[PDB]
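Visitor: Spelled out from the first residue to the last, the chains are:
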Amino acid sequence: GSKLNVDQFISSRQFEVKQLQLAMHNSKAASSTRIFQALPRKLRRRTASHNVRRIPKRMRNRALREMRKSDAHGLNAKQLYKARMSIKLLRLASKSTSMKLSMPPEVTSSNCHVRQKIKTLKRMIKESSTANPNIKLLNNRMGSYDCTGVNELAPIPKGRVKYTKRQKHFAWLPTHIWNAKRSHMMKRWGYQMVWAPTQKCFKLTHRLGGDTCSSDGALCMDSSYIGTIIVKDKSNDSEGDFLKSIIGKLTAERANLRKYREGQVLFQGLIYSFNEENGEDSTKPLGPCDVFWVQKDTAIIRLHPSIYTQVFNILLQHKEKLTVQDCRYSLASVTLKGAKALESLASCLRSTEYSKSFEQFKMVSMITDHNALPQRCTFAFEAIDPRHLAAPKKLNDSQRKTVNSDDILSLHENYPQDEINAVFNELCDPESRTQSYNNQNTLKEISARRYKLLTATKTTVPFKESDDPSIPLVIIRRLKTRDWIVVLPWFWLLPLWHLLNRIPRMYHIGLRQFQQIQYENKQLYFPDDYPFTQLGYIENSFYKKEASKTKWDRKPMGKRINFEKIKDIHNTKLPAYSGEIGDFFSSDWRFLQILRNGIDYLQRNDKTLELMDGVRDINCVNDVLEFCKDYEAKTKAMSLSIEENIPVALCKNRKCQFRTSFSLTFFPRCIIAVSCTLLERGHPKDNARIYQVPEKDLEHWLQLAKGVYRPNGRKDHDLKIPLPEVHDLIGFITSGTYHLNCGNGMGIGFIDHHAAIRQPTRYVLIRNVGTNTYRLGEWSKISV
Amino acid sequence: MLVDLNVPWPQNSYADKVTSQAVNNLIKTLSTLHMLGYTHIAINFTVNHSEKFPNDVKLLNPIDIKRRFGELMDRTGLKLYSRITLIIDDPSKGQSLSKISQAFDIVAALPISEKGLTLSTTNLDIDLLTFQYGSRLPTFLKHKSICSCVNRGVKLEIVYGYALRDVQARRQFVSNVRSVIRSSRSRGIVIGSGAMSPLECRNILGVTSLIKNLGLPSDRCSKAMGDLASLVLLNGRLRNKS
Amino acid sequence: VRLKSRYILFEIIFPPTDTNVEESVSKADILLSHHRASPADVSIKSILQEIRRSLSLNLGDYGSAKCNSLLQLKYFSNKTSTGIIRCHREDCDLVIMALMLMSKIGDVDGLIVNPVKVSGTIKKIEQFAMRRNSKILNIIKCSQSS
Amino acid sequence: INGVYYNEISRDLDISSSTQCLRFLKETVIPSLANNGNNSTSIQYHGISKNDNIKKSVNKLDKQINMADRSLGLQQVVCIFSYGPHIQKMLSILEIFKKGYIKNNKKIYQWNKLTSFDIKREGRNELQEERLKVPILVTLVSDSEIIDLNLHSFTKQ
Amino acid sequence: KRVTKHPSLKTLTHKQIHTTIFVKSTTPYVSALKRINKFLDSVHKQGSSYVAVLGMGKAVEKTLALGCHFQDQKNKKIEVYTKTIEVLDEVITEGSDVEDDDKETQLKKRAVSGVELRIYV
RNA sequence: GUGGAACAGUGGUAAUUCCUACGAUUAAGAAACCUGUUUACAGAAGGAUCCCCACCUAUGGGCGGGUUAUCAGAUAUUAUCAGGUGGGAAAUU
RNA sequence: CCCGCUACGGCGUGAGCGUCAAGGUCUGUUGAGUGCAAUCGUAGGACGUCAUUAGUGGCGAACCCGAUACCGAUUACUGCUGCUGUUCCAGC
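Taken in sequence, the protein lines are chains B, I, E, F and G.
Mind the numbering: the first sequence is residues 54 to 124, 139 to 524, 530 to 685, 696 to 742, 752 to 875 in the authors' numbering, read in order.
Under the authors' numbering, the first residue of the second sequence carries the number 1, and numbering increases by one thereafter.
Under the authors' numbering, the first residue of the third sequence carries the number 2, and numbering increases by one thereafter.
Under the authors' numbering, the first residue of the fourth sequence carries the number 2, and numbering increases by one thereafter.
Mind the numbering: the fifth sequence is residues 13 to 107, 115 to 140 in the authors' numbering, read in order.
It cannot be assumed that every hint is accurate.
[To be verified] Cross-link-like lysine-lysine pairs, in silico, DSSO-like; alpha carbons within 30 Å at most:
| no. | chain 1 | residue 1 | chain 2 | residue 2 |
| --- | --- | --- | --- | --- |
| 1 | B | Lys270 | B | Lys776 |
| 2 | B | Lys594 | G | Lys70 |
| 3 | G | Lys57 | B | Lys270 |
| 4 | B | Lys71 | E | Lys5 |
| 5 | G | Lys17 | B | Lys468 |
| 6 | G | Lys88 | G | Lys74 |
| 7 | G | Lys50 | B | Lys81 |
| 8 | E | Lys125 | I | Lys223 |
| 9 | E | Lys125 | G | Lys50 |
| 10 | G | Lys74 | F | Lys99 |
| 11 | G | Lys70 | F | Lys56 |
| 12 | F | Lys134 | G | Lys89 |
| 13 | E | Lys125 | B | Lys806 |
| 14 | G | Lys128 | B | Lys594 |
| 15 | F | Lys64 | F | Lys100 |
| 16 | G | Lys74 | F | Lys134 |
| 17 | G | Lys74 | F | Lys57 |
| 18 | B | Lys806 | I | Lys79 |
| 19 | G | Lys95 | F | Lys51 |
[To be verified] Stretches of chain B that chain G covers, calculated by requiring three or more beta carbons in the stretch to come under 8 Å of a beta carbon on chain G:
| no. | segment |
| --- | --- |
| 20 | 274–282 |
| 21 | 317–328 |
These are computed hints drawn from the structure, not numbers from a lab.
A virtual CB, placed ideally from N, CA and C, is assigned to each residue, including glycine.
Model the full structure from these sequences, guided by the hints.
Guide: This is the structure in structure tokens:
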């Protein structure tokens, strides 16, 4: 041991840091790994060891040299013709859909014969050879048609001859096989939509598509399942008198604004199903709705598919003057989300004419921001088929590197209503979308045109006003869900969709990922976060209860959590009752509303409430709880489909003044939607109980909110937590997931408005499933 | 953040004057404590019970944190607390607690007697109990005298600095510490470094392994070193201030 | 299939036992006074022969039999006096308590051993050691600039 | 607040008292970073508290950029400064002043400096003593591009 | 009068997004230290000179506290710039009984001064 | 033909039992390990009330200059922290 | 390729764009993501099974364990459930 100088010390330690870094890099280089493992974990290909074409071209030479260093069937007389029948059917189907003509209905139904299909495809070619008339002759080479049903619902689409009996029970997305190669889909409704990506993308979609600032990417959702109807007034060519009335009948006076007539912005809100038979009006909460208008009179309304069938049935009930237009297989939108989604979307499309909407969209595409733009951003134009490009390329002008809010206000002042609404009129009418397919080419044809440009003359195919299929294209902003949705015809979507993620910073969304996006932005979701409505309550309660009951009876005894014997749940443990509040599974709003009306009957009976000891005399809590258990035991035998139990309050508080016989459950209870954030340690889960702060213990929770902990220096909650009573419950968290954008726990709950006006402070405690701890938090109101 | 509360002051009697080498040795060993990493420092001083206590107010403490260590407190980034261990054997020339508790902060005791343990658990409102891990066990530890005293609030202290003294003393050290662990029911165990030289200081990772292999679990050891140490610090601080 | 063996980082610190020599009170100055240098006769085999003798005289034979199953010094350099000892996850307690009771080398006395980092992988221990040495360079640069 | 330190040296200041800390910034911090003796600069000092009127302080800054003599060839520098939660108000009285100057086809050359006080406080725990580091914004604005002050530690804007 | 606000323009490229932190008022101190330290660890992979720290309004002071930490204790060269920020706000102008959010929304600009703070490696 | 006991074969399904707390840093990523508390704003952007002096009018008041007090949702806290960590088979290819 | 100087191809900035090349890098990494390969230790409470002398004690395993992710099939073991086959024992 001997003292050294300062400079020699810092030089020796810096040389040691450099030596350790060089040794770590040398160990990482001497670790025997392939160049196949040199790819990122998103791009790793298992079949790249078989064929080299998955590997990047810079790396394929090393892959070839290391792969070199490392190193017509028996068919009977019947199944041969059975195999040749399919090959002949595919060949005749390709020639029939390619040459001139459309599809017969007998081949579409595919429930009679295959020899009749062969004879029909043989007969159509001969009829085209012998004569020009009597032919349903198409307008293009690729087999595209017009699946538009005027005044009736759209039937099962024709699709392809080979993949026809695969569409017998459920229909497909236009990107069905493409999404099927890259995602997990579930079969729930009549379509088959994506559920989750194959590679893990929880935190990935959370960071790139989320509300986080570090969102250097783009996320695309196939939202073709969202069904739209187009309504137009046939009675008068003048101003729309019945349109405002039918909007005020379908929705409330919440979405019938004069502002939405003037500024024509799409609005998403809550629709409720009306029913007027004779002098009586019954209103039930129906679900979400998207309303959009064209300057005064024509309207597109798009929403959830079962709700779409119900709204179409109610609209077909009263169809006296106005003409309805069902669009299930002729128009669909896809949803882009993120910071660079606008840049990739402007990269995917090009211009065919110098217009104002191109200039507005190209300036919007460069700012890389969403919420700084105003509420109305609905752009529409005519563009080229994106099969002309087939390459990831972006187009950006000089623009002198300047972005200010003054140019945004200048685009807000000047809005090209005429051309955008003309594109709207083109997409609503069935004749213009049919005229759009007048020059649709095959991939062989666009490859031949690219070869002609490579021979004559750059990576492009030029536009011709005579023989190129100019499409209508509409890109609009959706406000509360913070995402850009772009709508297009059915057979046009896939040439737009395939070129999207070939931009190297664009990934796809699943339905669980869309639920995560709606969970992150403090928003709401219809199959899960809407329990108040009829269909949401039915689907959520039935499916989650049956799934959880099958899982509970599926697990053996003594390995799962046992819900029957849990000690110390509430203070003063009530007799004939040892379990948790309601059923242990999915949210029992029936239990909550019967207990709320029981506490209301106790408050109407006396100024205070007693604790404990054909309908027996209600004087305390357990008489209400035994009636709850008896009603649950009765409804386990026969399912309930009579009425709802919990509506919302946010439409009732403003106007109806939330006003509420031997009755225990006839008049339902109204709720407001809240989002509570955890201030204490812990995270929430699904189906979580939501309780009041005690008034005797309010100062203790205020001291815990300010601060109290052991003198070590770190936070303490290992203390005697005072247990409140059973009837202090006010709500249910349906969606419980650890909120990564805040660093805490988020729970979407639904609390009573009378209970909300009881406490002067927003401090509300949460309790998980099968866990006997209480965690305080603070809620903010969800105005959705 | 860690608390080390058993560093001795190189003086035993008030008649002996501390030389200049002992002050420098204490500065070196406390800087060695800050070198390996500790937040709180509570230096200890030994007072015999047979010694006659002085009738003074500002002269009870020959430690002087303000004039000597007040510079190192500002430069290094730590603090010093004062504490007294009471070598009590027989009930004679004593029973005075109202004056020594106000000047100093933490009041500890060293019983080596059978009746001394009883008079320590009965009529001494002290913070920590210390046993002589260097010498032999006094009589025998039982659950009856320990459990009645730990539940009151007094903690039992283990000196891991006395183990690095001799070779023969290590056996009696282990035989005392394992007896304290089996009698303590693994609750009231505060550990401290009794180093007189800077060559005998260790870090948290070795001391945690030592107390883990001697018989205390990893939860109770680290939970003690944080919570019970910083709790008895505010016990002394509230006996001072309030 | 693999083996779950833990690595332990240790550093040799020399306490400045100088009773007649005065001392300077600072952070990076006492880091300079403790992180001085390793002596001349210090190698891998010398530290292994010393720690096996300490394991014998302190912990015994059968405890030394359990400890010496995978008792190896994987990386050590005398210029920085930091070393990495491989061990089992069960006897890691025994290895750290053997590192604590290291009193002196047979050639040079007056030294303490600081076990700093324990992990089941050596690559994260190297990443922690680079960051800890970077913080040491930060403290040195702060006291050197002012 | 137990004590206020600047550059690890004990000082007698109070954070709730604005006048004493502004005079300490004027008398001690700015001569420790800039020396007006060895050059030909005319430095006009101004501090901003959170109770100051914005329009009146900008109008005071409208007279300090043209206060010294133009015939002597002296470059005129305005040293505006604040500390802590007053700095934001300073920023308004900064940038609106820039809004009052760039419309006349002229330019402000700007130098920024960020230093700090270190204050000690007792915590919610008694043995835990907390340290808070209060930021100081010092901005030197001028119409000249090159100033002979020792401004190597600043930030050109 | 009911009025609501929107966030600010963030014109960023591929390389500017991974090296820029935007400090909120609810942003903790040690959280900001950890995030800017992770940005200093990843800026060699991003391959740029500085890490940007931007704040406006109430966060500005504690944003400057970030520049008070890494300049002295870690010897980092920082640059301090004062910028203007335009914010669009939706306000209601009075001109039945409708819901409070369903009224006439008019955009009004509002300027806030803010601080950019660049930290070198 | 029935009931009980034992064995064998196949089909379906499940596996850290679950919860709670703790495990050194102004050197602020050391319980073994990872991620997060980053779409910056207190309608404090010519902010509000108030002190003194001078001016004009009078039944109210306004302007200019100077220092500077109070206020920004629970009169508070700028420097803490949260969550997770193996499976039907991850072995076999 | 646009701006300024200079004018035969030139020079300086934009934290601008397009093409090409490089065993320079890929924690660009996944509600686990290591890469000489982490997935921990302990205490208390709830539940299940088995054995008790006073009432408690032991056990919650077997097989096995990522390295890009997905799904089908096969193999190793425990428990539950339905079917089938064999043996033994009776109600008349």
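Visitor: Does the structure keep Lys50 (chain G) and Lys81 (chain B) at a Cα separation of 30 Å or less?
Guide: holds (22 Å)
Visitor: Tell me if the straight-line CA distance from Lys134 (chain F) to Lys89 (chain G) falls inside 30 Å.
Guide: The given pair, whose Cα atoms are some 18 Å apart, holds under the 30 Å limit.
Visitor: Can the restraint linking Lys806 (chain B) and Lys79 (chain I) be considered satisfied, given a maximum Cα separation of 30 Å?
Guide: holds (23 Å)
Visitor: Examine the segment 274–282 of chain B for residues whose CB is less than 8 Å from any CB of chain G, and state whether their number is three or more.
Guide: holds (count 3)
Visitor: Holds or violated: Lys125 (chain E) and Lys223 (chain I), Cα atoms, limit 30 Å.
Guide: holds (27 Å)
Visitor: Would the pair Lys74 (chain G) and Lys99 (chain F) pass a check requiring their Cα atoms to be no farther apart than 30 Å?
Guide: With a Cα-Cα distance of about 24 Å, the restraint between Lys74 (chain G) and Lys99 (chain F) holds, given a limit of 30 Å.
Visitor: Hint check: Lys74 (chain G) vs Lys57 (chain F), CA-CA at most 30 Å. Holds or violated?
Guide: With a Cα-Cα distance of about 27 Å, the restraint between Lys74 (chain G) and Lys57 (chain F) holds, given a limit of 30 Å.
Visitor: Quick check: do three or more residues in the segment 317–328 of chain B have a beta carbon closer than 8 Å to a beta carbon of chain G?
Guide: holds (count 4)
Visitor: Are the Cα atoms of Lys57 (chain G) and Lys270 (chain B) separated by 30 Å or less?
Guide: Satisfied, since the Cα-Cα distance of roughly 21 Å is no more than 30 Å.
Visitor: Decide if the proposed pair is consistent with the structure: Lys95 (chain G) and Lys51 (chain F), CA atoms, cutoff 30 Å inclusive.
Guide: holds (20 Å)
Visitor: With a cut-off of 30 Å on the C-alpha distance, tell me whether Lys74 (chain G) and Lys134 (chain F) pass.
Guide: Between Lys74 (chain G) and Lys134 (chain F) the Cα gap is close to 9 Å, so the pair holds against 30 Å.
Visitor: Below or equal to 30 Å on CA atoms is what counts here, so check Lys125 (chain E) against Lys50 (chain G).
Guide: holds (16 Å)
The structure is consistent with each of the numbered hints, conforming to all of them.
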